[PDB]
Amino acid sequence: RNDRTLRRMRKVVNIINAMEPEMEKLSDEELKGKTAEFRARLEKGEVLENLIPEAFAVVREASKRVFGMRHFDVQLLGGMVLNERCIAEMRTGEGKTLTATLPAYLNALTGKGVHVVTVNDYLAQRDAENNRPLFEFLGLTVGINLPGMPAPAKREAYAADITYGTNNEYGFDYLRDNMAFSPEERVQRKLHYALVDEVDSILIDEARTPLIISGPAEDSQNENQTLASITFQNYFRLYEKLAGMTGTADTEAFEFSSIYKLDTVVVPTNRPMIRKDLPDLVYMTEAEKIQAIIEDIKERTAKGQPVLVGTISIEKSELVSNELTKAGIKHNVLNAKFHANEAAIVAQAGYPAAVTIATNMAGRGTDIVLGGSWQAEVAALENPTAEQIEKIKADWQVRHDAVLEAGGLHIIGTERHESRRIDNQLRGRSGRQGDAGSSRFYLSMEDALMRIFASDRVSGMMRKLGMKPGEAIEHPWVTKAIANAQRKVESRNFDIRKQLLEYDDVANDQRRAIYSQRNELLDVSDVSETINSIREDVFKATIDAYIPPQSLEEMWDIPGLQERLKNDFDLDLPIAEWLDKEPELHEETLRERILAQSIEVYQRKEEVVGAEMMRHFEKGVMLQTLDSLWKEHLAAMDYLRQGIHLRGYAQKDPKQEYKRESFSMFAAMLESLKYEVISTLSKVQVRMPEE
């Protein structure tokens, strides 16, 4: 764990580092050939992790030739973390994209494929095309999976060495593959490795979201229903190797373990992080709070320090905006209605004494360049020239160093959110890539978040410090108490979710079972041995209902057995005539003649239709019957789950009773499945030109 894994990994980095001279003296085509060489050793039984030093040095050198970018040491480490069942926490702007090229390469080598999982189709395409040169230079192929892509193009994307696509599309492909009627219709290979780009949304927020295929035609208006379902959690759990990335904003390590058996490793930043996060400040009232904020801004901007003020609503942004104006402090508000205005304001938000106010600041952030962006500047030029640019960079170097000397970007949170990951994202907007920076959050006793101390009195004691319009002290214990209360809400919320997951696990295990069976059936061209085997189960169970085993003859319902056979097995047998003609029948030889009779009737149909046609008919029938009963069972399981309000109550766990019910329903479906297959095959009409 911990530094032990990290210290061990650091030893590998020194080896990778020491290999670079050897790597720089190789030709491009020799570099290409290391992939062939890695695979030949793998073929001779080599352990993949033994190849990490050489494999990562090859990628680092290919990247410099191809991208003009050389993986940093910390990116080597992150690449190592992602080859295990691990989340790498890497800070924003640390290079997650390039880092991911490392484990992707390594885990492509055994020829089983790589699924790099993106949040949207834009990224899937962008990263596939950007990386295709790197990976072709190394003798690998790259695939792109999209919604709407024809099955042959998808098959091709999945046959590549490394594939890019969204989570949704991967999951939907799995479901549709589990509705195929021949193994050639499948688009995916075995699920080998999932490298997931942004695990907060993809693995945590979406864990229980069902992916569903829906079903126009059905059964006996005729509206549409669920044919196939899997949660995201249980899709990613089918993979042999699972890993992913997120930012240091974190707070959910214990969820990743609980939901996925994923460890999380915090990866060190390339440069030392020096952002000063100062103690949280508490004020009696919003008004005192806001005045404090105005005062901080006032002092900092006078120093030349840029500020970013994050609020929780439009109304509060307007309030702090109006008060800054009332104090004569120039600023800009990020207004969600004016996207162009916003990008233009962002661009210069790190300019000396810039003040920017943002409402529920969100996505990774567009970066804030200190001193300003100088590129927005040349971008704005219409015929930019050499001496023009260096003038521009020259004045910028000075603005940059000046903003740094002044303490870099100061972040002010005017309120904390209930989720600390949100606060962490705002504050992470400062101190990127080793830059000086600072952060401070403000609270009042009127703030909504004071309600997470589930007690007025407890909360309202804080006012006994008294605060007083200027003489503010600072108590560190408040920062920590607040962080503890956000942590408790998360814990509470998750405890509730994990009880929901334990229900989800009943469906999961059932789905895993039935899909395993289906796939066994799918992979086999001839299903005879099962048919024969299940025909005997079905005949025995059917017969038992009328001939209680080893009972006297007077308990037998030969009338009911005759019709049963007729109506379900198309089998019309003079059973009463047999008994009354052979005293020497006996039960067990009755069962045999019945079984034998259905079988020779089936053989006659087969002779008319043909063996191969028959084999394939059996297999189709088995798949189609599986599918029909499984859609039925999914709806029944659905109704049983929401019925969780009048069944298990006064000291019998409702969970334990649901599990009994669910197990009973599954076990019954599996018996129905055999019944219906044999009944279909029994009753299939065939024109006999004769007897």
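Residue numbers count along the first chain shown, from 1. Just so we're on the same page, rigid core means the largest C-alpha set that superposes within 1.5 Å between forms. First, how it differs from the form deposited in another entry.
- The comparison between the two forms, aligned on the rigid core, picks out a single residue among 364, 303, 593, 326 whose CA moves by 2 Å or more, and that residue is 593.
- When the rigid core is held fixed, the Cα atom of residue 548 travels 2 angstroms or more between the two forms.
- Core-superposed comparison between the two forms: the CA of residue 44 stays below a 2 Å shift.
- Relative to the superposed rigid core, residue 609 undergoes a CA displacement smaller than 2 Å between the two forms.
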Given for the second form:
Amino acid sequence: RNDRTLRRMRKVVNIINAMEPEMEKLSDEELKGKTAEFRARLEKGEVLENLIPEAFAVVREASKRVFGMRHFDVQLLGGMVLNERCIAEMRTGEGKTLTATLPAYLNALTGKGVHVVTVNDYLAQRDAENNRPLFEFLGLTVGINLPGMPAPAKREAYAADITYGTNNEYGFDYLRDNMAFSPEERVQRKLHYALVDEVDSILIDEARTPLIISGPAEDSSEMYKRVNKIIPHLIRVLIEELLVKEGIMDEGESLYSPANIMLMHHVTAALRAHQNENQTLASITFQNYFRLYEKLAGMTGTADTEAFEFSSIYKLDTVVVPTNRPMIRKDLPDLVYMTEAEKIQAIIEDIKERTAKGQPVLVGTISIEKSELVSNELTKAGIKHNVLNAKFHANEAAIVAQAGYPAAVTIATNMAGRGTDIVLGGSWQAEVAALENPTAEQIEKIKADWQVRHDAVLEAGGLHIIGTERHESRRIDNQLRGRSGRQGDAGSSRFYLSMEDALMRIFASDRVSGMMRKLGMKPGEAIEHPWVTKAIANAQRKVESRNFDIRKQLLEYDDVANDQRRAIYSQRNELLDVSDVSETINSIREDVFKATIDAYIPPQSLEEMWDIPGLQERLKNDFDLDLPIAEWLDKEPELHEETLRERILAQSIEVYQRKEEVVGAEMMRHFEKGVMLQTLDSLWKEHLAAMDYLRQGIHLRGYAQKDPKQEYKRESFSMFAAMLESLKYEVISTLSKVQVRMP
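Please give the other form, namely the form deposited in another entry, since only the form deposited in one PDB entry has been shown so far.
Here we give the lone chain, stripped of any partners or molecules.
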């Protein structure tokens, strides 16, 4: 799979490289000209993928000229990966941010937009501004989208060829677009391509995080009095006592009905209770926001392990991109000791032995106390070193700078991801950055000195990483080890574990674990077994896998809400996009008036079988339509069920035409549209609140036994279909009963 894709891509790389001379000979204007020229071709029905070699060749040359930098072949590969529904895994230091100029350019050609998704505003802003002169060189515009930005500025940012901004704010824009009353209010365009800069946090860790817009844009207060008023007779089964009372729920209904849920919430708040609240107007999770893009792609580092998750949550394939130089870091067999003490003793040994050959070491621990421990023992053994202490960030940046210096030893606690590159030999710019007026032959010096240090650290084996314990998450171990062997540099790594260590628990048999014990790891000595390393890694994988199972069940609950939100927003946007909702109105009125009479007159039925005590009233009650109708048919005996069905619809229409000559065609059309949006909104927010309740009234509504979800999907899909019909009927009522000072 990865092997043959990569082969096929290496072939296209060789095409691109051969085009380099053509792009070189080209003037700056001629280069800017390729864009319109690709677009002309696309307009004539070219396939965008056929453009990859020339477009990449064009972007590569532009970047030589604007940035002074020329995409490496691995970067060309990474770019082609990101044209597909894929994650490019590119090792820290491989140049993700330059890589990303390639797919961003290519996927801008069709004029549909590109969303570059950064983790924070600083990078959005930084990247937009760094790339603006590149992409302007190429006749594209760039937009920057930020929180607080006004809507007209936002509209421009989204109308640029390429956009930068954080995941959050993309989401938030989406929601507010789905709260618009006119389509000119939208800031976004159709969601074309999302290129996510760091997928681990953005797509995975934060997959289920809801984006919520709330607004004290509540409404009602009556209920909390009504429902309170019942409570000063509640005196320490208990469903029935509650049920049978008032002018809400009269008709022998059920309160524990997933339907009366807001009510039940009212009573159970009123009982718990012994200015306006701001409800959710709109929600989406990130995972479901990303799933809306026609095309999705992104980048992460080589630390992987979550390929199975990207695939199942997002259908993102993943391509492991080679590094530009050979990755020669030596990841040695995990070692396993009886006790911590024995473990540390052999850790200190390793460090002793290495720092004496001039090799620098970075010790990653799982806690401060674990740090202080390995530290103090290093001091006991006479080994100089420094701890990165999270309280002294300044000291930490200075430590980190000399951390590749010969025989340097640095201890870090639960170390993060990416982090500052550690330069072997020490950093030599960090050194002239300290020189308040330098020279050519001071510089010469610093650098000569440094090459000698650097070549000696490489020759001593590069940065050695020591993991004093492993994490449950291998991704994290992998990020630790990944700080060594960057850009082809020698380095190595080794993890230590002991039988005393926390992680021993991940095997889930305590005695099955205590069998390595029976290889009693003798004091002086040591062996290495390749199967242990794979056991451990396998176990880390199984914990990850079971965690993701747990999470798949959560995402299934989520798919219920996604499916309902997609459908309803789809309906809302059909309406929004139409200036004239009138024929939709005509059809719903018919739907509503057929069903409404059906529930009183049975189709193709006998006058013997028709009723008014509730009908007659229902029509006056919900429609301000008063047809004292009994007599129509005892005074005009012949017409018939179908010529009358017709006739009531006709009336209703006549009262409506009447109100409209009074108000204005347009004014009316626009009101109806407004009513249909406002009512869909109301219902939907009601619906969301009710689902949230069920969903929590269902971590425990009942039983280890039967199926909680399932029943929940059914209840919830069911209320969504009820809401769909209640929307038709509530819109028609409104239009029927609307007051206007007449003739």
